Amino acid sequence: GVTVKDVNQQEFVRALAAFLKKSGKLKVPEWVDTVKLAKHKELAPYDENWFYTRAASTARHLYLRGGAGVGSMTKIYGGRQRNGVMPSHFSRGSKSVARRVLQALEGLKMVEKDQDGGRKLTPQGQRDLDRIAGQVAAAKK
Amino acid sequence: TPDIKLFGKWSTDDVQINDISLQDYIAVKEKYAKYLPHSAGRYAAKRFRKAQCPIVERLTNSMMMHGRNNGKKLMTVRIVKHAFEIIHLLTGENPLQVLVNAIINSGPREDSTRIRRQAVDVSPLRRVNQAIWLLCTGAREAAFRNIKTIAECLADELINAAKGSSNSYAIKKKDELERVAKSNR
Amino acid sequence: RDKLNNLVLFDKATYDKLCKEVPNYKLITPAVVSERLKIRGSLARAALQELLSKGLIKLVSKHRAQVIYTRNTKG
Amino acid sequence: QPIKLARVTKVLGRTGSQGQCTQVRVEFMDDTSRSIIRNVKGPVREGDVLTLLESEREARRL
Amino acid sequence: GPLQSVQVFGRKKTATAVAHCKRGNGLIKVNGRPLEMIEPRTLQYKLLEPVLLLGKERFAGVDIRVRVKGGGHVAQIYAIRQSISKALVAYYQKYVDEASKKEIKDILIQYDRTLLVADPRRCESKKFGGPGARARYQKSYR
Amino acid sequence: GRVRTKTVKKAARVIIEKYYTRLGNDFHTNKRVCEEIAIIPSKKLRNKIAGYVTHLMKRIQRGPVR
Amino acid sequence: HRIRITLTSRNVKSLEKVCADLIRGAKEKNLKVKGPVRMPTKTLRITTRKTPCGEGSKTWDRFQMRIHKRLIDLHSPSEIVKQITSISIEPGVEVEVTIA
Amino acid sequence: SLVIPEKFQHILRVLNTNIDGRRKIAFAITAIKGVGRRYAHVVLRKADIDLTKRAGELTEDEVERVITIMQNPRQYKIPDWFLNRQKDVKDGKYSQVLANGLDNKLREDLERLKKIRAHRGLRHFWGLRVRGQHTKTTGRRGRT
RNA sequence: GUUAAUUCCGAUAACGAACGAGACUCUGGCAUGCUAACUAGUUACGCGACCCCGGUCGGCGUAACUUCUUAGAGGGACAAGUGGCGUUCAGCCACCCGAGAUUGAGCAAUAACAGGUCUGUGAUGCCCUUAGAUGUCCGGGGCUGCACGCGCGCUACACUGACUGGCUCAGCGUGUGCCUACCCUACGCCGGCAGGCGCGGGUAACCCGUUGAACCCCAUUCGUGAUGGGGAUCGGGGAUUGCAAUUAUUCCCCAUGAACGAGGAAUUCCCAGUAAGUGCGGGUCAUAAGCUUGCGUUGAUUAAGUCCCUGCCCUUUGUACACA
Ligand SMILES: [Mg+2]
Ligand SMILES: [Mg+2]
Ligand SMILES: [Mg+2]
Ligand SMILES: [Mg+2]
Ligand SMILES: [Mg+2]
Ligand SMILES: [Mg+2]
Ligand SMILES: [Mg+2]
Ligand SMILES: [Mg+2]
Ligand SMILES: [Mg+2]
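The listed protein sequences derive, respectively, from chains TT, FF, ZZ, Cc, QQ, RR, UU and SS.
Note that PDB author numbering has the first sequence beginning at 3, numbered continuously upward.
Numbering (PDB author numbering) for the second sequence: 14 to 128, 135 to 204.
Note that PDB author numbering has the third sequence beginning at 41, numbered continuously upward.
Note that PDB author numbering has the fourth sequence beginning at 7, numbered continuously upward.
Note that PDB author numbering has the fifth sequence beginning at 5, numbered continuously upward.
Note that PDB author numbering has the sixth sequence beginning at 2, numbered continuously upward.
Note that PDB author numbering has the seventh sequence beginning at 18, numbered continuously upward.
Note that PDB author numbering has the eighth sequence beginning at 2, numbered continuously upward.
Simulated coverage check for chain Cc against chain FF, where a stretch passes if three residues somewhere in it have a Cβ under 8 angstroms from a Cβ of chain FF:
no. : region
1   : 22 to 32
2   : 37 to 49
3   : 52 to 66
Only part of the chain FF face toward chain Cc is listed, based on derived beta-carbon distances under 8 angstroms:
no. : residue
4   : 33
5   : 37
6   : 61
7   : 122
8   : 142
9   : 143
10  : 144
11  : 145
Note that these hints are calculated values from the structure, not bench results.
Ideal Cβ placement from N, Cα and C applies to all residues, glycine included.
All chains, full assembly: derive it from the sequences and hints.
Written as structure tokens, this is what we have:
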């Protein structure tokens, strides 16, 4: 009886995103390659298939803590913005990426717009992430 | 539990300090055998508590130098770990014996001071301090603007100094200091 | 005051070279490999990876800042 | 010309133009009869061993 | 049978770790995660020092669940290590005889005192005229 | 620098003869003596007075104090 | 019957005295209450430069103004509680009654 | 694989500019003026060039495919906000200027401002700072 | 003789005193002992979701309880125990037990400066001007101007690194206004970003907020090339604030890609959760931090000394000095 908590989280996201690629039911956006992930960043993501990871990462985050809205997702993925000859600061992520990712994980039944705002993990979507932890846990062993 | 071994890989036993002059100022043995080169602290509170700090810890603390990496213990700990790995597979025995031998051969035994300068000998504690200082600064300068990583620069500096080959930076400073001191005698 | 001219891809004079004595080094690392063969750092990483698969060098440690290789045990 | 090593018997005081060198008297373990006074640079306890490159010159008292 | 519970806390700079030790079959888990999967992984033997220095047979029969809040990455590491050691001592004190706490407490201290006694060091305030507690701005005589 | 100021020394030198029969040998018992037998504005000053009185008694045993 | 009273005052010595009295002032009339609960102390800080002129060493003032907050609650109708809080109020302490 | 190809070209000539073949393709084509560290990356993704390949490794059809994309950005789903000459004054056309075109275009804008004797034109003529920053103690070594 | 101390012991033509120091206030540490907690929580219970009896659940509700959170009262540490040094006094060193055997600030004497402030004041003497005003208001410009010299800082010169992903940790503290316009923000849609549009909470341990902060950590690409280091300068475009932004307020996008390869003589700050790295709040704020003032995080090398340099305190001594 394994669970997302009990398995290594670093390669858990790698396996969960590859499952989404095999499904082919995510409805990726059309500017996936010409967009920059956040203003504090400097280049486009090196891997072309980042959208499968970004969807996977948010789906993992919604498991640990529910009720995370779009304004939460931009704060979770923010980082240090180097401002030239200015001291660096903290800059939030992009809203559009979070919105389309959350709308992506809702198109197929993985999340739902629960009350009080934000999104939570649906009971059937919870099964999917628990199935992945099964194969990741045994693969290391 | 017995046989506390560094990193869970290197055994602290079978390490022998040949020079009795610095025996009590190098902490390798059973009372100071720890799984990690990381420790809480409280070693600078009094004058001689420094000698009860494990020697591998004292080397890690001598690697957070030159501004860019003050107070970065995690990066320094992993540097020593990788350096100890490649000292073993390049020399063939426990790196603790390599590090200890370098300390013995690198700490200068005589210096000069303003009292024209007079030649005075060095106390055992400062001999340890100078050794760790010299061994680390050699690795730092050998890795700056160079392709090879900081880990192997630290590895060969310990290896070269242990054999006393004179091609290491630490030894080139020791004989310099002892040759100047002799001329000031 | 000195300039390094490191190639990016093996010549046929060079690929056959590191299949002879590189699997015989005690210490194998992209940094040390680069300076003996005068090749780019990335080139050594890609080459040392292929030799790893063939089983002629065994991996002892792997970190984002350094990967370390040894040679196969004698006999 | 061999090299001798000796142990300090007590700490006499702090000397030097800037208080950076200590006078202590050393006692050879090779010979338990001969003791001399020497300057030493660095923090020194009582009973530790000093490596004497040459052990023929005596340090004047302060 | 009766519930065998004791809840002890651990301290560091600001991080605190309260551990609920009950009677079980040898379970250890932090925030719902095991000890080995605790970031950063480079500081892993710091968590494993009390268990390795005592063995699993002493941790058999109990379950530990440590929850943490505050401090930093390294500060927490020294808080979980603080609570698990203190929890085992406070268990053998109340539900096991005194002869079992003593040799446990001897072993823990002689490895390091700070494994059962908190560290009083705390950050100190910043004074005006300097970037920190004791540093001062550059003098500009001319 | 643990040097007793005249305020701590004077109170101890006055308390001690008025209550030599009550004041004893240990610090904790005569800490309780001073709290009620004389008004002390603060704890930290009471401890210093009581501590010096304890030190004074041991001197009295060997020989008279001037 | 659920009524809650708030006690906010700068002085911490006096605020407890009124707090202590009303717990006694309620328990005497055998009506159950929930104990004195204390909100975290609020510190107000105004850091300013000492000198009105320009020169001098750069010196600053550390002003503070603490606010201590207390809550007590009663299960009683309005007619009893009006006269409870109308007697023996320290001038520093202020009392405000609310109905849940 | 890791052996030098027989067709490897150490210097490529695109848009009257030398390109270092020993460099990665994404960063090598940055050599021509008008393309940066990001516009180069999207161009090589609007088309299908293996980013891992170095500049001197890809075929001549592949490079001539790349050149056409750059000079006609709007024809291949390049967003309009990703250009450096959006909504110009001459033809109102959102275009991408490259190599000598960027140098020629800049010099015309500088003489355009001086044509009407605007303030920024005069500052450029006098060789001073134009964006309102202080010139009391900065930018000294250039001005003798 | 002693102390951090004109702090004490003690000598004594002095006796008894006064301020300052110390005492004192706040703050840090630690108390499973006390008082409490639906604006703080824990444990058990009963559900429910998921994995295969157990496990996870900041998903829900409830019976005790106060360890974690909060805030009050008391406690606790005193050179008190022990061993040496000492006129055997004042006291000092070390060790045992201990949370702790020097936490950090605040306040702070007599005398003086011709130190700064008349641009803080309806604090003010005297002098000047007062209707073509040195009063007050309105429009525009300047206080930013650039052959140069100086000071406080920020960003850098790279691999102990940069970039792209993933992973995981805080603490102080603010928030809708007397005039007075001007608050903090959750959620959902629109956009690539800056942002815009509907909707709710909060006068606050109630909501933003479990403040998902950086550094750090793991995995990629780069490979010693002024290069994917560095981001100055300059062109084009889009928003927000404001009655008005041009001499670009600020923000965002593309492109442009300078010096800089560790810094001469010289000089500053610092010794323990300290230096340094790192980010986050208040102040200034219509628009708003390279500054200051606070907070946490990661966390050292060296040293327990001296009067050599710069100065300070007491005694003796010389003086042709006394705005010294
Ligand atoms: Mg983040
Ligand atoms: Mg290097
Ligand atoms: Mg004056
Ligand atoms: Mg004047
Ligand atoms: Mg006149
Ligand atoms: Mg000005
Ligand atoms: Mg460059
Ligand atoms: Mg860059
Ligand atoms: Mg004379």
